[PDB]
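Coming up is one lone chain in structure tokens, specifically the form deposited without guanosine-5'-monophosphate (5GP).
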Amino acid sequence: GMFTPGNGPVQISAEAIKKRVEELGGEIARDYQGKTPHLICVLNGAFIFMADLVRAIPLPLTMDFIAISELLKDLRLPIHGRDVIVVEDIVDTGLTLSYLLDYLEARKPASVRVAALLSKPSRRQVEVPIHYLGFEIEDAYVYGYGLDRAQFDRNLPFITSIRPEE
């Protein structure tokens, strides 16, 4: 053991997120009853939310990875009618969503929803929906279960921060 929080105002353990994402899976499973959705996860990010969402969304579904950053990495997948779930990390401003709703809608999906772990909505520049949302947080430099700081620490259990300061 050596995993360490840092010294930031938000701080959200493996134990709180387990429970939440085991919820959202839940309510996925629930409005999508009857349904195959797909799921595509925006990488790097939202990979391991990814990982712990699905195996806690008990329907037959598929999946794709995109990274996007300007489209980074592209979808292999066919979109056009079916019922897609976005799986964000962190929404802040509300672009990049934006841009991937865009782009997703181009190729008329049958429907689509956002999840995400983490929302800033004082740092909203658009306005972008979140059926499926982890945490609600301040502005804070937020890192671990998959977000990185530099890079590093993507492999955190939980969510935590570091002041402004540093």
Second form
Number of protein chains: 2
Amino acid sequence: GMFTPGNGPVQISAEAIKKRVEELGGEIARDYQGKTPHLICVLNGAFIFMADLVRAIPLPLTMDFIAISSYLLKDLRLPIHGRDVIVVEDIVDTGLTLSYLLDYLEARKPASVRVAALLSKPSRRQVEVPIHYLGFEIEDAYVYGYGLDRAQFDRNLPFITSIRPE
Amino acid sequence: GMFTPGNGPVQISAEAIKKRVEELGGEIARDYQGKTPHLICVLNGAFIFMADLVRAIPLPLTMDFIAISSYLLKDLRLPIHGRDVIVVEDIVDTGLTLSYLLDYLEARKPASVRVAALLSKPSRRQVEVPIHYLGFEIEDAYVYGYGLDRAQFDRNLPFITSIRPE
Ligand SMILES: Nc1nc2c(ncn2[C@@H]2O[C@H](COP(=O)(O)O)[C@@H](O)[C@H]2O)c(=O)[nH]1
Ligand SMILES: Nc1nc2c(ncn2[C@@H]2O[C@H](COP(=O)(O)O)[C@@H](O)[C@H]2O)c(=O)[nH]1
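Condition change, the form deposited without guanosine-5'-monophosphate (5GP) to the form solved in complex with guanosine-5'-monophosphate (5GP):
Everything in the complex follows now, all chains and molecules, and the chain you saw is the first one.
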């Protein structure tokens, strides 16, 4: 029993991920100095990114967890009105899901909204959505690991890997 | 801006936590060899423990996330009937919540159910519940950090700390 990488074109080590997440955390801490952000994790794929990210943000903050599908499974529990909100996503593909979520959150009138996403495949972008804190921009490929699944499996791989289009 | 420990009687470093979680992961991997566990994370407090734990279990597995309160906020999404289920909890206090959850899960007839909890305060136990994979047994105190909150705050501290009864 060992963690094995797929043969896809995208591969990112736990160490590389670790270093990038720490930089993003430091960036957020700096940008939100003097404030109390409310980080909203988009389940299920972003829960590991969320876990590592928050531990790299030396600020007083709160968090929530929600589920959403393309075209809202889990609702918000804490108020976001007037809060400085930070959405934590796993990967931005077409951008549809994030687009719906941002409109949903904006309807409640938060003080501000910024987005943190571990990955982004801009060649697949169909709706322009903002990503203020991006881990890595990658080519078009189906990735998995580090929270992201492959038919519900492989969310436990400590690294990001992928399969071939075939 | 820096992570600061409270003055309570319970203090556990990120390093100590890291080492213990890795041992538990190795234990699960060994016990569940040849099987495909389904880990159910009890939100919100156990999401960091969950993130680190799964990355220390070199086995094919699936996961889900649910919310529950003393005396069921977020429901199950994946089937558990016939599955070898592992509940991932943050801390066992009176044991009431875990007791309800186990009965809930058992009603669906899983193949087996085992429990992993980062912490346990047995002096506060009112209902005997099983913990097959325990991180640390601690004295009675209100802890926070590493996913656990203090009025919704401090879930981001990379270590477990606590406050004084006063
Ligand atoms: N596991 C995995 N999920 C993906 C990938 N690309 C997109 N997704 C899923 O699709 C969701 C939204 O994609 P989008 O709405 O931007 O098209 C993401 O949050 C993610 O859960 C991928 O390459 N691997
Ligand atoms: N943050 C924090 N939460 C606790 C503590 N003790 C109990 N809880 C919360 O209460 C829930 C269940 O407690 P129980 O049902 O065993 O009495 C736990 O899952 C946890 O969320 C504590 O010391 N600190």
